[PDB]
Every structure is written in C-alpha cells, then in structure tokens.
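Construct all of the structure, not just a fragment, from the sequences and the given hints.
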Amino acid sequence: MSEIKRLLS
Amino acid sequence: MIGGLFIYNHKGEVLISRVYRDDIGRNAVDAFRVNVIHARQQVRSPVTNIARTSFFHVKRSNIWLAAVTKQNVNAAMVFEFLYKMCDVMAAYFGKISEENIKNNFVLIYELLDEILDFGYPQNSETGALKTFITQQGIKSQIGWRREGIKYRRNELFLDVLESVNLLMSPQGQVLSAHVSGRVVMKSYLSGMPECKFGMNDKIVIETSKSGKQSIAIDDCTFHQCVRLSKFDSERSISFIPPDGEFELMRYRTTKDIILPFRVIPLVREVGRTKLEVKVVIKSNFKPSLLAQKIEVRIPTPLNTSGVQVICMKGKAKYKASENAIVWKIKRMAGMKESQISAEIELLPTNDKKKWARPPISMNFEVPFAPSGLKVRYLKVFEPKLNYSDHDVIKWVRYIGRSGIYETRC
Amino acid sequence: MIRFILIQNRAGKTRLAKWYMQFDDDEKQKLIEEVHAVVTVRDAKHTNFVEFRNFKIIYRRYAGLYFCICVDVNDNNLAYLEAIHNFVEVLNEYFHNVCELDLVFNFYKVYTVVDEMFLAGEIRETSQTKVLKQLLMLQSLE
Amino acid sequence: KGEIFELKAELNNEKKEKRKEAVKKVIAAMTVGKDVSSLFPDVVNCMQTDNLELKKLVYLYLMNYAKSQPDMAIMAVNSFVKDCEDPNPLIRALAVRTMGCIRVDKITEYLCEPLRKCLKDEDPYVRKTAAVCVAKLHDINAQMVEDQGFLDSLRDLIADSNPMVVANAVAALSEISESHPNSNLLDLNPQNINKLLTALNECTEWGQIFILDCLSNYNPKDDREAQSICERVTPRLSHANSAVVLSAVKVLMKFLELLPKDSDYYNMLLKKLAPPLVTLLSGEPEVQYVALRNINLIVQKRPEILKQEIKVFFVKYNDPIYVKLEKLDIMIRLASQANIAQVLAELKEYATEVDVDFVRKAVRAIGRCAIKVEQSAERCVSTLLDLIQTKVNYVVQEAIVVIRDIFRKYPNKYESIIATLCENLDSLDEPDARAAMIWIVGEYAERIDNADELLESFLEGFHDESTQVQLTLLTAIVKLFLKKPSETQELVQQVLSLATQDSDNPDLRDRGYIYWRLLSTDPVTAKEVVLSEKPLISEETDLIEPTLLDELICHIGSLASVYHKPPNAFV
Amino acid sequence: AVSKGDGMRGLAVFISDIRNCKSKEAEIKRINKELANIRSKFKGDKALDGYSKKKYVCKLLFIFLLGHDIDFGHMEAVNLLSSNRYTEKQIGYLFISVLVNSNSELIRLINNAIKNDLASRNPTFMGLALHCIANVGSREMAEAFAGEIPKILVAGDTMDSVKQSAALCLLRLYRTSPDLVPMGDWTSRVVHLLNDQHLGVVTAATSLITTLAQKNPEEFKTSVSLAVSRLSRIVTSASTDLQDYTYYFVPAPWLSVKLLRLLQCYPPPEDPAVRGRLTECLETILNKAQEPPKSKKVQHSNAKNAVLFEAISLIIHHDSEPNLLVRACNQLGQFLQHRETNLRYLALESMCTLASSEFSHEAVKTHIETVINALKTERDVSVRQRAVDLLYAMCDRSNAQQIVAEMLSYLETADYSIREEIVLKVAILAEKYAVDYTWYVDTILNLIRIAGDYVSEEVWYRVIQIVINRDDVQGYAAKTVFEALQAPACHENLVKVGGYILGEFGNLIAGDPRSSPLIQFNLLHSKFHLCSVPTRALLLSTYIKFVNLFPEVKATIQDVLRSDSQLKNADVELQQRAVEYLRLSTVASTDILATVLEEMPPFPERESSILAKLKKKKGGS
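Protein chains in written order, with this note's numbering: chain P, 130 to 138; chain A, -19 to 389; chain W, 48 to 189; chain E, 770 to 1340; chain C, 5 to 625.
Because the hints were derived from the structure by calculation, they are not lab data. Check each hint, because a few of them may be wrong.
Stated by the list, open to error - Derived contacts from chain W toward chain C, CB cut-off under 7 Å, selection only:
{"id": "1", "residue": "92"}
{"id": "2", "residue": "123"}
{"id": "3", "residue": "155"}
{"id": "4", "residue": "158"}
{"id": "5", "residue": "162"}
{"id": "6", "residue": "167"}
{"id": "7", "residue": "172"}
{"id": "8", "residue": "174"}
{"id": "9", "residue": "176"}
{"id": "10", "residue": "177"}
{"id": "11", "residue": "189"}
Stated by the list, open to error - SDA-like mimics (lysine to any residue), calculated; alpha carbons at most 20 Å apart, straight line:
{"id": "12", "chain 1": "A", "residue 1": "210", "chain 2": "E", "residue 2": "1085"}
{"id": "13", "chain 1": "A", "residue 1": "258", "chain 2": "C", "residue 2": "400"}
{"id": "14", "chain 1": "C", "residue 1": "622", "chain 2": "A", "residue 2": "306"}
{"id": "15", "chain 1": "A", "residue 1": "235", "chain 2": "W", "residue 2": "84"}
{"id": "16", "chain 1": "E", "residue 1": "793", "chain 2": "A", "residue 2": "83"}
{"id": "17", "chain 1": "A", "residue 1": "39", "chain 2": "E", "residue 2": "1087"}
{"id": "18", "chain 1": "C", "residue 1": "301", "chain 2": "W", "residue 2": "136"}
{"id": "19", "chain 1": "A", "residue 1": "262", "chain 2": "C", "residue 2": "422"}
{"id": "20", "chain 1": "C", "residue 1": "621", "chain 2": "A", "residue 2": "253"}
{"id": "21", "chain 1": "C", "residue 1": "617", "chain 2": "A", "residue 2": "253"}
{"id": "22", "chain 1": "W", "residue 1": "77", "chain 2": "A", "residue 2": "237"}
{"id": "23", "chain 1": "E", "residue 1": "1160", "chain 2": "A", "residue 2": "137"}
{"id": "24", "chain 1": "C", "residue 1": "620", "chain 2": "A", "residue 2": "300"}
{"id": "25", "chain 1": "E", "residue 1": "836", "chain 2": "A", "residue 2": "-5"}
We put the beta carbon where it would ideally sit given N, CA and C, even for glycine.
In structure tokens form, the structure reads like this:
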C-alpha cells in the first residue's frame, strides 16, 4: 500500500 | 439450493469462495471456520446447522471444503456434488493439496461456474469439459523388535499424557496457552504385528517441555516405527511396535485448547489495612467426568498479619512458610463451580509493597486431553499367528496435568 | 524493560525487529504474526495500549507503518508512546521525509539508529539533537 | 509509480497479444484480495475479440463481480447482449449465465428478450443456461417472469430433447413453484404426471433428483395410480448417487401408504426397499450418515423393511464417530426379542475397546436394550456385571447406573448379586455413579449388613459431595434407620444435623427438616411415606410423535431428514 | 563540514529484483540464485576486498530477514570484525548479532575481536563491541567481559557515549548472569553518575541503578538523595537550560520518568531535608500540570503527562501527606473529564490504584459522577472496565444504589467473558451495602432476570437465604417473584428462586386473587414440564407445601402428583419426592402435616474459620 507516503508532516 | 462454496487450508484461511445466492455473506464462513474448523469440545459431524444456516463439508487432504445453503436442500445430493467436484479437481491436478489450489485459482473458479449454476449441480464427470475449461492445469504431486516374542494373552496400554498451560486475564482473556502432548504405548503383544492407530483431528504437521517468557510453537514428532503414510486420511498412523513401553508420539498444540478451569478473581483493596479476596473456580469440561487432586494457590502480601477464609467445598490452610493461602478440593465434576472468600489483615507498614500480585496458580488432573485429542481406534493385525484383533486386551487412560496454570488476580 | 521493538506494515511485513531477549526463530515468527493479529485489528476508537501475552504493547501508526514496542506491564505508557514518536522524528531527520522505502533499502542502518536510542531493553538516548549529531559523524566514516 | 496504474496500460495496448497476456495478471489479483474495480471498463472492451481463452477469462472478471458490485456491473449491458447473438454458443451461454447474476431491479428490462431467444437457441448448452437463468430472474422480478411467458417456456423445456436442459428446467421450475406454494405453478395433474414420469429415465443424474423431488409433492388419490406410478420409479433404486436412491425412496414411502396389505405388491415394495438403503451404508462416510439419519426415521414408521437387516448396522472399528453413533441407535431400534443375544455380544465388545467416549454410549445401550427387549432383561444384567468385573473405571461407573435403573424397572429380582456389587466402592468418583450405589445400599439395606459403614464412609465427606449424592444419601440413611433402628441411631442424627445446619443449598436443608420432623413426631407414618413400593419406573419417549414422523417421512431426501426438525426450524 | 560516504549498489539491486518478483516463488528462486552466487565468492581462490565482503554479508543478512535460513558466511563476517573501517566492522557485528550459533570456535573468535575493540581505547570501536555484547548477552560473553565492563563504566576518561553503553551493557549482563556481576567498588561510583554533566549518562546510569537497587537496596540507598536533587533541578530550570534534552517544552521527560520510578524502589527519603525537597518538587510537578499549556501539539501534552502520571505513582506508592494525595486525585479527576481515550484509560488506572491509599481521605469517592459517566459514554471495552473496577473499589453504603444501577446497564450490553464476573461484583455490592432489603431482593433478581445464565448457585441460594431471615421482605419477595415469573422465557434460575419463595411464603399474597393459591400453582406448573430435574424436584417440594397452606387446591395438586409423569418418573429423586408427598398428602394427619411442613427456621449465618492469627508474636495461626 504505497510505501512511499511520508511517515510525518 | 447450493448457495455458497468455500475451501479452507488446514489453518482455516479461505482459499476459494463462490456465492450463488444473496442469503450468504461474511456470515456463513467465519461461521463455519470458528465453529467447525475451530471446534473445541464439540464432536464434529458432516452436516452442521449454525444460525438457521446449514453447512455441508468434507475434508480431503489437510484441506477443508464446505457448501452452504439457507434452504432445505436434498442432503444426499450436496455430498454427491461435493464428491464429484473433488474428483474433477484431482483429474486436473492430483492431490487436492493447499499447494495445487494456490496454483489454479483460475482453473478452479472457472471449473466451478460450470459444475454448478445458481446452486444447481450441472453434471461433471469430466465429460467434454475440455470444451468449457478454457484454462491450463498446473499439476504437481523400523524401531526394532526382536523376532519371535511370545505372550500369554495379548494386551496393550495407551496413556495420553498432557500438560496444559495458561496465563489468563482477570477478565478471562487467554493471554497465552499451550498443551504439551505425549502418547505412550505399553505393548505386551506377541508376533510381528502391524497395528493401525486412528485418532480424531486436533493435530496437524523437539524440546523437553521447557521455557518461561518463551513462546510455544505448535509441533509433532513420531516414533521411528511410525509410518506417517496416511495422516491426511484422518490418522491411520500405521506402525510396528517395539516391545513393551515406548513413546509413540510427542507433540504440542497451541490452538484449540480445552482449558479445563476458569479462575474468577474478585480482589478489593480496602485501604492499606485489609484486603478482601473472593475466588471462584469454574469447571467447564463435560459433566460426565471428574477432576482430581485440585489445588488453588492464592498469593498473600508480605505484610500479612491475619487471614480468614470461608470454603464451600474442600479445606484451606495459610502457609507463611511460602506466602499464600492453599485451597484443596478433593474432586469436582464438570460444569459445576465453587467459591472461597478471604479477608486478609495487613500490618500497617509505611509502604514499599508494590506487591506485583503474582497470579493465582492451579494444580489439577483430568480424564481427558486439553489438546482435544481422542483415541478413535487401534487395530492390531498379525498375519502369522492371526490372533483376533478382538482378543487383544485394550485399555487407555488420558491424564491431563496442570503445567503452570496461572490466572491473574 | 522493552522485550522487543517491531516495525511492520498493514500487511504485517516486518521491517525492523530489534529483540531484547533470547528467542528461537520459531518463536520470533509466531511472535511477529501475533503482534500483527493484535495491532492491525484496533480502530483508533480503541486505545494505544494492549495486553499482549505477559507483557503489553505500546504502539502508534504512521502511514502504512505500525511502530510497536513490547514492554513490561508495570511500564510507563505515555513515556514509551513518545519515545516511539521521537524515534520516528529522528528517522525523518536522518533520511529526510522518511517513508516505508528508506527503511527497506536502508534496513542495515535503521539498526544503528535503533541501537543509539535503545539498548539492552532500556531507553538509551532521548536527545534528538545529539543522536543526529552522531548518526551524521558516522556516515562520514570509511 | 505503478501498481494498478500499470495494469491499465498493459490492457489498452492494442496488441491483442499483449492484452491477452496482461488480462491474465488482472484476473490473478482478484483472488488475492486486491481491490480491482479501477480497471473495470478496460477489461470490458477486451471483450471485443475472438480468442475463446481470452473471453472466458474476462467473464470470470465480470461474473465474480456482478455478484459483488451489480450496480457497477450493468454498465456493460450492450456488450453482454452482443454476445447473446455471437455464433459461438459458448459465448452465447456465457452472456446469459452472467447477465442473470446481476441482481438489480434495473436489468429486468434489458435481459428480457435476449433470454427469450437463448430459451430456444439451437445449442442445448445455451438452453440449459437459459432455463436456470429464468429462475435467476424470477429472484429479481417474480412477476416479470410469470408475465413474459418464461413460465410457459420452462414448461416447454421439460419436454426438451437433451436431458441436460430438461434437468435444469425441472429444477428452476420447482424452485419457483416452491416460492409460490398455493399458486400451483407445477399443478401435477394425473395426466401430465406421465409427462415427467418419462424424463426421469434420462435427465442425467442430477435432474432425476429434481424430478423425484417433484413427485413427492404429488398425491395420486387412487390406489391403482399409486401402484403403476410406484412400479415406474422402482428401478431408480440403483443409480449410485444416493440422492436419487433416497429421493426415490421418499416417493415410494409416501405412495406405499396406499393399499393396506393385500396385493403382494405392498408386501413386495417392502421387500424391494431393503437392499437399496442397505447398500447405501457402503458409500462414503458422509453419505452413510445421511442414510442413517433417514433409516432411523424409516424403521420407526415401517419397521417391517429393515427387520432381518440388523447385522448391517453393526459398528466397524473405523467408521467415523458420527456413523458409529447413528449405527448404535439403529441396532437398538432393530433389537429384536430374538437377537439381543447377538446385539449384546456386540455392545459387550464396544465397551471393551478404545474409543472411550463411545464406550459410554455403548453401555447405556445395553440398558436401552433391556427397556426395549422386555424378555432380555436378564442377559443385559449379565453382561453389565461382566463389564464391571473389568474394574476399568470409565466402564463400571456407566454400568452401575444402568443396573440401578434395571432394578427400578423390573422387580428387585436381583437381590442376589447386590451383596457383590459392594466390592467396587473403591473408585466410584463420578457423582452419577455414587448416587446409584448409595441408593442401592439405601433400598436393599436389609440385604447388606455392610450398610452401616457403607453409608458411613460416604458421610465422612458430606459437605464436599455432589448436591446429588448429598440428597440421595439423606434419602438413603433415613431408609436405613427405618429398616434397622439402633444399628444406626447415630447416623440419622449426623445426616439430619448436616443437611440442616451445615448445608446451605436451601432444597437440601428442607429435606433435612422434612425427614427429621416426620421421623420424630410420627414414625409409624415416616415408614409409611419414605418406604412403601414405588411403582415400576416408565421409560421416556422412544419413538417420535406419529404425526410429526409422518411429516418428515415426506421429506426423506432433505435436510429435514438429517436434523429431525421440520422445515420451519431453519430458513 | 566533512564528507559523507555510504552506498552499495548490489544490495539495492538484490532488493529491487526481489521486491519485484511476479510471484511468492520467484522470490524463492532469485534467493537461491544470489545465495549460490555469494557462496562461490567466499568459496573461491581470492578472498574478496573489504567492500565486496561487506556487501555480500549484508545481502545474506537481508535474505535471513526474509524468512530463509543461512548455513554459512559467519566466517566472512568475523573477518570484517577486524577491519579498521567503521562500515566494515558495523556489518560484521550486525551479522553476528542477528544470527548467532553454538559453534564453540566462532564464539571465542568473536570474543576475541570484541576483546580487541574494547581494548583499542577507540570509542567508535569500543561502542560497536559494547553493543554486540548487549544485543547478544550469551552466557559465553558474560563470562569473558562481565569483568571489564564495570572497569570501563566508572573510569574517569571514558567517553560519555561509551559510559552510556557500558552501563546498559552491564545491565544486560546482570539480567543474564546475576552471579557474574558482583557488587564491587564501582557501586558508589556508578551512583555518583547521577550527577554527571551529560544527561544521557544520567539516563543510562538510572536504568542500571534501578534494576540493581531492587535486590541490593542497601548498596544504592545513596541514590535517593541525588535522584531528588536532580529531579528538583530538572523541573525547575525552564526551556533555555537543558537545551538538547527539552522535548516539545517538557525538560527531559524520560530522565524525569526514570528518576521517579527510581525513587519508588525506596521509602520516603529517610532524611527530613531530602523528604522535604522531594515533596516540594512534587508540589511543583502538580503545579505546572494545571497551568495553561506551553503548546497544544499532542507531543507536549504526552511528554508532560508521562512525567505527571509517574510522579502520581510515586505519591500513591509513598502514601504520605494527604495534601499531595488529594491534589493527584483531583488532577486524575480532570483527565477523566477531558474528552479523550488515552488519558481516560490511564487516569482510571491510576485512580483505581489511589483507591487503596489510607490518607487520601478517600478523595476518590468525589468523582463518582465523572467516572460513572466515563463508563456510560466511552466505547472501547478496555476503558469501560477500568471504570467499572474503580466503582467496585469505591462502593460504600451511600452510592451503592447509585453504582449497582450503572453496573446493571453495563451488564446488559457486555461481552460474555464479562457477564459472570460482573454478576458477582454486583451481587457482592448489594448483599453488602444494602440498606433497603427489598432493593437487595430487587437487585439480585435483575441479574437473574436478564443475564441469568451467569448467576451461580451461591448467588441465588443467598437471596433465598436472606429472604428467610429478614421478614420485612417476605411479602415483597413473594409478590416480585410472582410477577417476574410471568414472562415466558425467564431464565431457569428464576423458576428456582421463585418456586421456593412461593412455597415458604406466597401464602401471604394468596389473598388478592390477582395471585390466588390456584393461580400460583398453575403458574409454577407451566414452567415445570421443561425445567431441569433439580428444578423439578424443587418444584415438587413447593407443590406439597401448597397442599398444606391451601386445602382448596389439595384437590388439584394431588393428581398432578398422581399422574404417571411423576409417579413413574424415570429419575430416582423425582419419583421419591412424588410418591412421598402424595403418600403424605393422604396418610398424614391434617395436624401432623402442618407440623412437618411448618415454616423452616432461619439460615445459620455460616462463619469464617480463622486460617491465621498473630500468635507467638508472628503471622501463622
């Protein structure tokens, strides 16, 4: 599941 | 008619799914999983009703497969269809294992919508099914005993020895639990006999029972003399027994355990002065049998100064000798309960306690296997002397002991 | 004391696994499946703490990533829930806009961050300023 | 950047060599939970092609998707109707079999005429498809189907040539007639009975089931009609397929209830029915069960059929447990006053063996055999004692109890062996057993001097005992004290004290007082009351209400033959 | 600024090819292909250089971290352990930290590299070793280095980063082989670490000190004086001090939480000056809690509240000065009021704990409103229980009626694991705190009514018990039971309590024809023919008490006992009761009968046996 989404912000 | 069709692997994960009538849904499938596949004390039978929904099922390998209907269908028929649908399935890829089905999602799902329309069976028999199956088809597929032993009469013993462990939450949550298994066979029988050993389900494919803060992983180990040939045909462990006593199979389940006792701990900290505990013990096996040699160890604080209890069954003693109340019941049947109620005077103290209140540990013994195991038959075949399987003396006892059986207080 | 620290995604693919007590592989495995079967089913209307075998799990989601920390039951929940957080806040400094991938293609240095902020079951460094200062002095190392 | 976006490109690429191969991957990731849907349209226009492998691939995409998103389904309509014309009958059938699976009130208008056509298409693989598509449509517009004549159309197909169509028509039709019981959509009049009484000798295996299950609902109202009809299903008593054999038995069983006993035919249809459901026990474990649940019914209603046949129902050491259980219940049912000799021997064995949980079920049976076969009482008590002699605890505890109740049912008559049984007070743990022993020492106390310390030893741990023995012990010690006063002056006191002061089960405490009061104020009546002959205890049910049995001998094939509940207990 | 080196294409590639894979078995294929390539590179003529070793190790490490096992390579990793390059030592250690073995040789080869680095007096290497020791902690190592880790920790010249790790390494060895860790001279000089300049040293020292103190309390009693002096100095100096350790405006929350947990390993500071400052400092932590937030981001709120909860745990643990105990139960009160789920949970835990303090003044009973609410609204079965538990532990005679209500509704809609344990908690609170004894009766036969499956024998014996003693309710009971008995389901446990209650009493409601003597027998007898035996025997006792009381229905009841169903009953117990009662409805004098079925005495207030009393100046009796 789109593993490139930021962990923060 | 046939409103649904489901196929699970040993674990109970759904491999194939086909609904043919709105009646079904997320309902009847967890319904079957956690009620037939994950049966505990319930003795499974081929057709089973669950919530005005009927479930026909058949095991083939270590693979379950079940049709669901909300109607009053022709019962014989759904098995007859279910039989056929497995024959076709083995015509395209032999053993009906979890591997071969993971490999043919297409072939199968397409095979189905052809052997069955709207829940009506549609005659398979691999007749001209090539011209409808537009898809490929990925196939894929000792322990010594002296010669000439002789005996008076022919007996054999079968001890099913299980030590069930548990860590339960006050509220009744199973935080962790496992059965350690062991089927010992004492065999005083003559000749060179090959005997077959049928059991119920409850196991699927070592370390000398050890650990603490360490994780129990399912397993199973057989004896050398064990021919595992037919374990996907119920049990049919076929072996040729060493003489006398030996350890036919050593295992450990962590799934569908029949935890024989619930402990309901009602504490109540009335200031730092006293402390009123009430403890119940709910037995919950069949009523037709007795637990024995029961012990229940309620931990007392370190600043205890006085103790009094009120035992229903049995008698209890305080042992500062080892910091705890020790209740002992001599015996109690299935599906009964009992209660005990302590008041515990506590020296004032300044503090420092923290207590960490250890769990309430139990010690008990029971005429069944908490694994759910059941010895279904054991047939002795000896061709030279040809004595009757029926003239073989046969007794078996189960022995469920308590491991560390702790309920949190 | 922290028993272990997991970092798996919604599918339960482990992507960091510092253990702090001796476990077999067969244990480490069932252990990971369980942390999944438990943390993935909880829906925000529930709380960030769960009984888990004899310990408990502090955990917070970030994108497709669950950050679990397994701890002794008598351990300070809010403390470990913010440890977990500021750990992520150090990763997003090192990697800059960190995401599931940096953590995979860089799995081997993820460990040198973890061990800098946790060691032997206990918290080690808390100061984000110093942990960035060292992580960035290595990396300049041959 | 890819994933689902990348599968959308793979398909559109006009190289139908690339399309074909790319389609394959999309169909794969449905059966792995992945939320497709985003590629719905692109798959739909791959439809426009020739390759039969590629087309039946796209229909898997559609059909296992119109049963999930029937709304985002009906947008492909013009393309499904197209294939309803297409020459290749496979893609003709395919367009119908999927079209009907779109359960939405909106499709009642589109599908109307293309189905009207495939309903009399040349190819039977299209006509079989259409037939069940009628039912698939009466589900989402029961009126519409009765209207557009498809009702009369299905009535046609029953006279159709190739049975694979006749089969599906007969089924779709009975599935409607059921949903409308009163409307008489089947009707079945004495002339159109011969109509379908003929396709029953073809219609593939399935479909013969569908037919027989329709004849069940018919009722000849005429002795000579039932006779000539029965003799026209008689052969179907072989067709492997237990669901035909059963279904044929269902019919015959309700027709044979016509003509009392004359015309050898009744005598004969009885002797005809035995072999077929006997050889039904020779199928798979699951089908043996279903036959058993149905013979359990049958031998209740018509004992005469499976009379000599008891040997068949004997247990085989490897029968699955649920067949063992249903076999036992049937042996009991056939246990004749002229074979218990053989039956008991068999039960004797079962108790000897290793399936513990069935060993219990086995010895209760020996009791149930004494109830059933009145004259055998003795040999039952014989073998029960033999089993006891094994000192095998699971066995004793179950036998002492059956004895207890064999006593209570026939005289005392066995005061002899009593003094013996008091050799096993060793391991009587299970409450139900003690409660039997303790009671036998109670009655029959005048035949065991032991009684004193027999009951005493029990009394030593009374507040720990079963609320059941607690109560049976109180009734026992008092019995003693009216039989041997003096020998027992202290006992009665300790009991009454303990039931009265010590026990806090209010019901016990009551009986505590009741006895104490009765004894101490009117002993000449206390003996009158608590002793005195109880009558001979009468068993329980045994059979089934004669009216409900009848109701489910009617349903002999169905689930309601397995569960014995009538159809109203599941819907 | 210095440069920045790092990277390793081959790895990134083995990953992309692998995170690729058109299947979960191509994944399995590409592994055997790299596993076959990596072997036969070690397994060759020329040893490779540092870069290629490093890289092929790392690739194995990854395949392991997939699920596959690895039967080789450990030797190539121990090569790396010796290199002069950080990145090569890093990979060697990571590899041997993750995959370990019983191989008596490697075990001592590694103990050697580890030996060296520890010796190199180079900090980056010293660390790598201290960390390998701490991640592995094998008995083997404990034996080789248990000796030197203290030596390091306390030495004056040791780097702060190494001091940190040294302490946390030693703590693993003390949990590993408590034997191998003595209690030498370093003790007083580890305690001294609490005053170290570097805060991260204090944080490491404090974990070590807290786990040692728990079995060597006397050796470390020196740490209380300090943990106080520092926790004092921390929660004072604002945001500009303790620069680096301030997190979202909360100065060193973690260190603060560790010093407070450390003070809990001890009693209140023995010295009045110290006990003074610690109590001033807590006066302050609570002060700042109530002040208007320096920010609102969840992070600040969470750090402040981790430090707050722990200083409250230290207050409850000490149990002294009521003042601080009341404050804390007022803050815990505010958390429950504040909309949330994490605080609502933690507050209810802490408050439920404060319940067992004996100088709070019971300040807990002040929030009955706030927490009865919490239970009422909050979904999340976890918070819902922690609230119910708090109400059980603060029930007195006054809010008892209050709570028993709220609990009767949480039972209506609870999981099944909860039913029986709630039934008991309610039974207790009623039979214990009841003033109005019709409310006890009322309460109990609610649980019976709807949630009946879960009322044990004890519970329903005891109302019957209680109704026989107390008279002011034998009327109300006879009435109330007759009306509940009117529903068509009604659990079997009602038919039990009811039949008995109408056998003894109920002659005292047979006036009003609403509930005539004949109306009652008809009522019980409809429930007869479908109750367990024990309930049918209990009914039979009841039938005959009626023959006594209401000679009008003697006619009727008589041939209910006379019909086969009873006289030929297949159960022994049922057939006795039947024959006996019928016989004596016939033979007995109308006088003698009334005597036999007189009103049954009150129930003996069963009493405790004393398991242990303070005798010869000590616990056991």
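Those earlier numbered hints the structure runs against, lowest number first:
Every hint satisfied by this model.
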